[PDB]
Amino acid sequence: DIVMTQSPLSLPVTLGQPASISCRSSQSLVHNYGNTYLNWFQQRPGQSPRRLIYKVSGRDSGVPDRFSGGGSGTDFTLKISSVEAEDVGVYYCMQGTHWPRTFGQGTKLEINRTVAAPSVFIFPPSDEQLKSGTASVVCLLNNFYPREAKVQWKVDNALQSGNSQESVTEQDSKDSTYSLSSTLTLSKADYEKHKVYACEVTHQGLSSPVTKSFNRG
Amino acid sequence: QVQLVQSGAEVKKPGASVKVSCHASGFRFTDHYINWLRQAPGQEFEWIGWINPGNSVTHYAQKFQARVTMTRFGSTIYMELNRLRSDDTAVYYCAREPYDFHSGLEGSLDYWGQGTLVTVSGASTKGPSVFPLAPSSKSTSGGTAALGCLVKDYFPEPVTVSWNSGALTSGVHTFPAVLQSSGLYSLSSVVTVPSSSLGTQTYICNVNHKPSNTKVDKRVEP
Ligand SMILES: *[C@@H]1O[C@H](CO)[C@@H](O)[C@H](O)[C@H]1NC(C)=O
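Heads up: the protein sequence lines correspond to chains L and V, in order. Residue numbers 1 to 217, in our numbering, belong to the letters of the first sequence in order. Residue numbers 1001 to 1222, in our numbering, belong to the letters of the second sequence in order.
For the record, the hints were derived by calculation from the structure and aren't laboratory data. Keep in mind that the hints are not guaranteed to be accurate.
Think about it this way: if two alpha-carbon atoms lie no more than 20 Å apart in a straight line, the pair counts; the simulated EDC-like pairs of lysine to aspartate or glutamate are [claimed, not checked]:
1) L:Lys55 with V:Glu1097
2) L:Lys131 with V:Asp1153
3) V:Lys1012 with V:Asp1031
Build the full structure now, drawing on both the sequences and the hints.
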């Protein structure tokens, strides 16, 4: 019932460069008095959608001039003249000609910027947590690009093989960077079997691997 | 100013019902009707339906026609979804759609709510434990220190975390949650502050897990 298709599902764009996304409809979106109800929404990481374009080529005050929209019938295009840091997120097209309302799959605008070295920190288990029976050591990687980074847990120079979890944030809306959190979790027993806990980090912005570490005591 | 403030994150068991709220302000329902949609994480948006918040006349998509009910009271619009199933777990949104007395509903959405997470699970809910991530000499960089809060062992998602009652938002990174082998989630929120301030300023993590009605204010000292 009116299917929407978007042509680049993922779009890596360097800053200051243009970008274009295509929307294709299974039917004509022209309605009544010649209005073509095609909309373009933006959805930044962790936010609600925001309308950029209405009626194919309309743009509200507040939506930047670098956003434009065109096309006709069953073939439309959203263009950003010069991509900026806040343009990061997923863009959707939505028809309003018929019911039900239908969206595209969304285009993920992956923003590309200069290489950034991560800020590597580490946190020892809390005192409140140790009284519970488990111990969690946290390795923190702050604001780095590209997204690819390796975190390795070392317990007295022994490479760990399966006692940690990992998580990466979405791309930052200001510096186009990433952040990563690793959590090594053991029993209070296994925590008290060793002395030195370290996280070794490998990233393109580091000439040599940065090893953060703390020893019990 | 236009605001669409939705209710808190909910968790129901399969077969039960969920009722989501959307409180509107800054406009009138005379010329603005309310749409309800939803978004599964991996999926795109699915359109649920619309209501005229004046006469409470509804229009549902056939996918939800049998088990959805949109209502209104005052300036609050409700969306009830019955006979819940596992694939009904998604973030539900309300959205504004302007109305012209000639040509009717404009085919667009201008303002959205912040959305509410709804998860369908038979498992019992569990509040989170909150442990400090204390700023150390191993936490200091270019004269900057990093501190945080570790939110562990909760179910289900989500947990919202603020710092100093919303007085601190700069440098905050609340990481996506991770599923443990226990079947419980765990995430870590951190913030970078001046190291010179570790003895003058107070840093509190405010943790809220509405599915369990759990509120934890943890103080992080160096
Ligand atoms: C991303 O942007 C940088 C900065 O100009 C550029 O040098 C680089 O070629 C771009 N892409 C890749 C693959 O590095």
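Hint check, failures only: 3
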